[PDB]
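Other chains dropped; remaining ones untouched in position.
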Amino acid sequence: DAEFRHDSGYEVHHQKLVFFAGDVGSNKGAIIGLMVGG
Amino acid sequence: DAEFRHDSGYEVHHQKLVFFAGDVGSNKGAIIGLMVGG
């Protein structure tokens, strides 16, 4: 007579002027805010 | 008669002018705010 209960909790996010909001599992590419050449 | 209860807690985030908000599992790429060349 087992009982398995899981709750992921309450998440509230307030964000302003955020370039990258989020979780990246794996990153091998390029993440650049601004690129100026020449 | 076991009882398994898990709670991930309450998360509140307030962020302003944040380039990268988030959790990266693994990072092998490039994360640059600004790139100026020449």
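Per-chain numbering from 1; labels A and B assigned in written order.
The rule we apply is simple: a residue touches a chain if its C-beta (ideal position, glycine included) is under 8 Å from a C-beta of that chain, and two chains touch if they have at least 3 such contacts.
> Fill in the total copies of the single sequence across the complete complex, 2 being in place.
My count for the entire complex in this file is 10 copies.
Criterion: only the chains that are shown with their structure count from here on.
> If you average the CA atoms of chain A and of chain B, how far apart do the two points sit, in angstrom?
Distance between chain centres: 5 Å.
> Quick check on the complex: what are the chain B residues that touch chain A?
For chain B paired with chain A, touching residues are 1-38.
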